[PDB]
Amino acid sequence: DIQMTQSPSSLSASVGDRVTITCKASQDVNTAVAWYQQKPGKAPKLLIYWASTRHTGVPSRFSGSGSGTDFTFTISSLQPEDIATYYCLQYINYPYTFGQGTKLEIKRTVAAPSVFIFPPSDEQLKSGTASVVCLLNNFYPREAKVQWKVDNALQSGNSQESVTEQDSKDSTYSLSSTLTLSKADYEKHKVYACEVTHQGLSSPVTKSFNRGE
Amino acid sequence: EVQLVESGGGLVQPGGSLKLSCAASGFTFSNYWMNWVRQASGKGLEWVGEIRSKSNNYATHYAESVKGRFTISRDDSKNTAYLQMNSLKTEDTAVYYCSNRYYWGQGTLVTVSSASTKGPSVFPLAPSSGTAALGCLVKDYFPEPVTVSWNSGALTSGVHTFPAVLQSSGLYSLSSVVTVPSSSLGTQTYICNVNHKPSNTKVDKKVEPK
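If you read the sequences in order, they're chains A and B. Quick note on numbering: the authors' numbering labels position 194 of the first sequence as 194, and the sequence is numbered without any gaps. Residue numbering for the second sequence is 1 to 129, 135 to 215, as defined by the authors' numbering.
The reader is advised that the hints may include incorrect statements.
What the hints assert, rightly or not - Below, in silico cross-link-like pairs of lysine to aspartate or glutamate (EDC-like), each with a Cα-Cα straight-line distance of 16 Å or less:
1. B:215 <-> A:213
2. B:210 <-> A:122
3. A:126 <-> B:145
4. B:215 <-> A:122
5. B:118 <-> B:145
6. B:210 <-> A:123
7. B:67 <-> B:46
8. A:39 <-> A:82
9. B:211 <-> A:123
10. A:107 <-> A:143
11. B:43 <-> B:91
12. A:45 <-> A:17
13. B:202 <-> B:145
14. A:39 <-> A:81
15. A:190 <-> A:151
16. A:45 <-> B:46
17. B:215 <-> A:123
18. B:211 <-> A:122
19. A:103 <-> A:167
20. A:45 <-> B:1
21. A:45 <-> A:81
22. A:183 <-> A:122
As the list claims (entries may be wrong) - Computed Cβ-Cβ distance ranges for the label pairs, DEER-style:
23. A:145 <-> B:30: 56 to 66 Å
24. B:213 <-> A:201: 21 to 31 Å
25. A:24 <-> B:7: 29 to 39 Å
Derived by calculation from the structure, the hints in this document are not laboratory data. We put the CB at the ideal spot given by N, CA and C, even for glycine.
Chain A on its own, in the form it takes in the complex:
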C-alpha cells in the first residue's frame, strides 16, 4: 500500500506569502499525483492532476511539480480565501491513497474580540434547563480564555465552546461558550457573567446580566 506523507501537517503564513507543501510517495508513482483543496464546510476540490496539470478554472497562483517520489504544491501569493486543508493523492495503483492533509492558516494582526452575553429564554426555562451563551466575535489569534461566574462562583465542568474556522476575508475567528444549568439552579442566582481574556484586550472584559431584570 503506497504511503503518501505530507510536510508539514499544519502551516501558518502571512497574506501575500509564497507557501510550499511537499508530499513524499513511498514508491515510484511517476506523475500520477493529484492535489486537492478543502475549504471549511465544503467538498474537496481538485486543483492539480498529473502532478502539474492545473484543473480548469483553478487560479494560476496554484501550481504543482515533481515526479517519481517527490511532489510539491505551491501557492505563489497567499490570499485570505486560501484558508483550507490541502491533500495530495496517489493514483498510480489501487488502492488510491491520500496524504494526511496540511492545514493552512493565516497570520494577521491582533484583533480584539467583541463580547456579548445572552440570557436563557423564557421558552427554554419551561423545559427545566437554562443555557447561558457568551459570544466572542472576530478576534485573532485563536487563543482565548472564557470564564463563567454565577454570583461570584467560577463555573467549571458545565460549559462547552465551539470556534469557527478562520474567516475567508478578515482571517478572524469567532467563539461561542454555552453554560448549561438546571432551571432551579438558575432561578436561585442573580448575577451571570462571562469574563474574556485575550491578547488584544488591555485587561479582561466582562459582560454580565442580572436574572430578574
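Keeping the supplied structure of chain A fixed, place chain B upon it in accordance with the hints.
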C-alpha cells in the same frame, strides 16, 4: 455546469444496510470513472472505491476496509452511480462523496449508531439594550446535521454558524449568530431558518429584543 448530487444518506443501525446515489449531469457520463471517498468528522479523506466505464467491463476496485461489504455500481442511462453498503459498522460513520475524478459532489452523512433520532428545539439569543449581536440556539438533536440560514438566505454578512458540539447527553447542539446595525433592531425583522432533515423538523424563529 457539471453537477453531482448525492442522496440516500442518514441514520442506520449497526449491522444494517444503506444505498447511496450520485446523480450526475453536465458531462458525458458513460466515459467517466466514478469514485467514492469518505471523511469522518475532523479526519482526512479516505478513498472508498472506483467503477470504470463499460468499455472496461465496468471493472470495480475497493479500499481494503470495505471490500466484501460495499458494492459500487452504475446506470449510464440514468447518469447515476451507486454505493450499496452492507454490514455497517460504527467506524463507517462519515460524509461520503461521489466523484467523476474531476468534480466532487456536496457529500452525504451516514451515521451508524443505535441512538434514536431526535428533533431540536430552537431558542432565541436576543440582542441587548453601533453593532448589535443576536442568534439562535439549536439544542438537543441527533444525528447531525442541521442547517441554519437567516431571512431565508437574504442575510449572510456577519453570520457565524458554529460547529455543533456533542453534549454529555449524547445529543448535539449549535448556535448561529449575526451582528447587525443597532439602529435596525426595532425595524428590520430577523428570522433564523432551521432544518433538521433526519427528524423532519423545520422551524422559522423570529429573534428580537425582549
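Could you check the structure against the hints above and give me the numbers of any it violates, in ascending order? Of the numbered hints, just 12 does not hold.
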